[PDB]
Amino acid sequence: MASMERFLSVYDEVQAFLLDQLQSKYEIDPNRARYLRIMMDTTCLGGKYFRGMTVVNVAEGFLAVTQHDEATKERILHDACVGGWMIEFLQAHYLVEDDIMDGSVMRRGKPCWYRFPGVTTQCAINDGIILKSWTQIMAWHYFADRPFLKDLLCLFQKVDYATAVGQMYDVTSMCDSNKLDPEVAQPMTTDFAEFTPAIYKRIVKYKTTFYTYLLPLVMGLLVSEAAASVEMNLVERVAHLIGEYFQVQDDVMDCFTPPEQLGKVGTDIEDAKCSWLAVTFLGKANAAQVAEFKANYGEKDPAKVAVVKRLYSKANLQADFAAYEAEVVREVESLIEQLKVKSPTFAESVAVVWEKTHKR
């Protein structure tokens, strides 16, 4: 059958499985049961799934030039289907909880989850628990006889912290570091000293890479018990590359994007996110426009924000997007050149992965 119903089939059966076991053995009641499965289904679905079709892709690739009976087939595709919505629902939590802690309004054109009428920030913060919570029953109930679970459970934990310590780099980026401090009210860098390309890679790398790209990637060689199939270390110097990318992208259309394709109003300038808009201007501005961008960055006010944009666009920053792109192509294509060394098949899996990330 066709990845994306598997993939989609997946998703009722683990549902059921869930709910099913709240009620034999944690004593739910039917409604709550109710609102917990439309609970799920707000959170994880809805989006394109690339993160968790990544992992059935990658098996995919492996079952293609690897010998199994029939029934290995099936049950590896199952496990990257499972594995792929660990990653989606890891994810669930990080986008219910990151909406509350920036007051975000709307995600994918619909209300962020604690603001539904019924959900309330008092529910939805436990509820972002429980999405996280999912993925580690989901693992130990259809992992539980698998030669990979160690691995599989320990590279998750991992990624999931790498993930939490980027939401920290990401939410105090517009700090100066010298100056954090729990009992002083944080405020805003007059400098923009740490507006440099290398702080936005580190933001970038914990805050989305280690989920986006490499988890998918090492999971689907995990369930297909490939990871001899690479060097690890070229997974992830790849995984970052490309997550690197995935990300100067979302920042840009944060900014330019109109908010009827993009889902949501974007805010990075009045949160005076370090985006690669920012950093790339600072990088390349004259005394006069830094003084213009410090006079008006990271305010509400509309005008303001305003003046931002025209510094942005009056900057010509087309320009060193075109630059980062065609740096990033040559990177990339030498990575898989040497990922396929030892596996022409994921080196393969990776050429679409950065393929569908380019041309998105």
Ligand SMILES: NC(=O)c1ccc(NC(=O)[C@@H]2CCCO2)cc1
The other form holds:
There are 2 protein chains.
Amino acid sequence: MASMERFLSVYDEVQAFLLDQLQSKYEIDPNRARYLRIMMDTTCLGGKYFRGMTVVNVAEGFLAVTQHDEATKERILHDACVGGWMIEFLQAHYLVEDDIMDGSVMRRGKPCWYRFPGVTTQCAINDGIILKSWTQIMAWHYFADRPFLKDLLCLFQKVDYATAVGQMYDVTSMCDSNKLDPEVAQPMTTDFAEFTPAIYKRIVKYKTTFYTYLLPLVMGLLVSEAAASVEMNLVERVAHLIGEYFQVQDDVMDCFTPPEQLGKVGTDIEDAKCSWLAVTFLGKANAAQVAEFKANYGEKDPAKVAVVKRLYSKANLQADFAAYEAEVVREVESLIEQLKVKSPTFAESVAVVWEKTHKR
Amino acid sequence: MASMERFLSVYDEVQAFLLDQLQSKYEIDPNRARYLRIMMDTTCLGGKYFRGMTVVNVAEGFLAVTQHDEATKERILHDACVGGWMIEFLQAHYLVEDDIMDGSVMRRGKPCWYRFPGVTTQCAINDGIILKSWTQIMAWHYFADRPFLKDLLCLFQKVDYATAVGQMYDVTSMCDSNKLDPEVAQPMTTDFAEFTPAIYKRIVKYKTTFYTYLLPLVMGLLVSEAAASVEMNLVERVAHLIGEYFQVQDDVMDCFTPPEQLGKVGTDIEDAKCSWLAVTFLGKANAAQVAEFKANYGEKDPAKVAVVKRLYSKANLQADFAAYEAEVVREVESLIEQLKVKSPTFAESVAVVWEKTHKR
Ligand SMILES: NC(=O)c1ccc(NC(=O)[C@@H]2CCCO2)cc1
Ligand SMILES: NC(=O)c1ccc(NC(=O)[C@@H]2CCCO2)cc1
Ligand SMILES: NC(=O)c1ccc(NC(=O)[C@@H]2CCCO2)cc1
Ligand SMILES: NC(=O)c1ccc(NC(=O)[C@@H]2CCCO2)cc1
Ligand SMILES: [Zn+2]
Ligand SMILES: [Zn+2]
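Write the structure block of the form deposited with this ligand bound for the protein whose form solved without this ligand appears above.
Below is the entire complex, every chain and molecule, led by the chain shown above.
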């Protein structure tokens, strides 16, 4: 039994639990059960499952070094799978709602869930709500008698909140802070003064890193009852750093990876996003180049999108990416070394996370 | 110190806690804090606060009969206020998202939050997410060391999920069940076969009654450590029944209360909602009347809305409302009598809830 095979098997089991519960306790009818099954599948499956499988991988590294009865090892792996699904369903929730919020068209060779003919925004907003409620139902059912229930729910809660805060930072990142005002329609910045490395960092740290790196790592510790094998400030530092590095590749790919090759036509430029490319370009451009950027950024007009795309090529942003990458490698290695002091095993799992981020 | 005065004072305190936490732990800037303060105010204030004040009222009925130190009485009232705010913020969350989902224009003498100029749907979806995350932050902070933390979070979780399920039942109530299919755009029913008292009941029970009646009642018990003063199956039965009766008045008002007098132009007819009026009309109409209903319902065309409005008047729906009301009075009195066996005090609080629903 490979890890992935176990993880996918547990999806069937959770799906059955949730659907059967809807029938026995929520008076659901079969057609609505079927609608929700389809919703779940469509939104929760696809890709590599780095997030969920990280929880499994962390727990398996502790299983290798820790004495347990076989039935305990099974229970720990089952808990890691359920906790990894809780993170995948949280990712579903985000994606569903973010797609609606941003007017996205495609995700994973498919219409964004809201664009399905028999879905609509009216239903999809609520479907995304359901996705996140399911995470809670899973935790309370599978982890009812577990000693880590409280800590897990508290952590999940804090990660979710960070993530929502991050979405707000992301969707407001093209406005001037001093002009945010519910009463006044928001103009795009003209100075780009808030396109800085520190503001960019704040966006990415909240929007992505808590749920993509910190949560899978700490959930793997909690289901292993191993949170005292580690210095949590180290776990936070390394998660946030790897997560930022991940998002700097994403930002670079939103612009430069061909559309079918990426699965979604990129719109960061036309959305005036505070991307790594824009911030880094503004960090090195001359006066005439800054003025040229201001004249073209944040416009749906493809010819102006192409101008921004050109200034990024003239500016040799690959040099800055390589230099950033080399610093993140130093720093991530340093963190891993510090994590070995208390736990070689957990340090190794972090090393695997990093390899999966970097080499990919 | 009146109860309402205490309840409103605690809003200031929670608001300060949440905003200060955003600054000290989430790197928020002042303008974004201000945006979120405004959001909170706009979405969480207004009206009578029946839901939040029910928690306070239930706890005050137990305080009257239970021996405690003064500092305990204060702590219990403070917990009841915080728990009542958790319910008001859950109501905020619903309203924000439901308004977006349904394309509503007005709420409480104001544009629906999403329609504010500097809000937009792109931000308001996430703002509604934040509203519900705040409920959790409040519980974990104010109730950290409380014996009822677990039970409260579990109850809140189950109520939230019921409510989301209910929204799905509501938004799909004009489709035929056998034709729900994410792949196929959903036609309005032509037979109206699912406009029955039992299907109507299922909608209202999930969509409204768990969060509006069951949650405030059980939260008042939990913060009072009094959940063994009561037979919970009775609390459920009475909550669901009063809640349904509430929603049958709402349904009647969506059609018949003038727009400024109601605060929002009603659209149940044009939305083809499974309302009490439609179900009850179909329950007594003759053949020609049913055919006339089918020809006019669920159309934005005001002249057809007026036809439906006319058939409802010809059909003397007030007779059915009075008869329904008289049965609910019997049944609610019966429940209250049964609740007195274990708790006169809690039975009285239920009697007040009922008076506030019925007489109003
Ligand atoms: N077409 C869609 O609306 C849609 C496609 C994919 C996702 N999610 C994912 O890609 C990751 C992988 C599993 C968890 O979320 C969500 C929605
Ligand atoms: N790094 C940045 O995000 C940033 C820094 C400076 C500028 N603009 C200028 O350097 C000139 C001087 C006045 C007008 O534009 C814009 C952005
Ligand atoms: N204009 C709006 O968008 C808006 C107005 C009112 C509400 N909420 C309420 O009326 C109840 C009362 C407090 C909790 O929810 C939400 C939004
Ligand atoms: N109570 C209902 O919701 C309901 C029951 C019956 C009908 N239609 C009919 O009675 C005739 C007989 C065949 C065509 O229409 C519609 C609705
Ligand atoms: Zn987005
Ligand atoms: Zn609605």
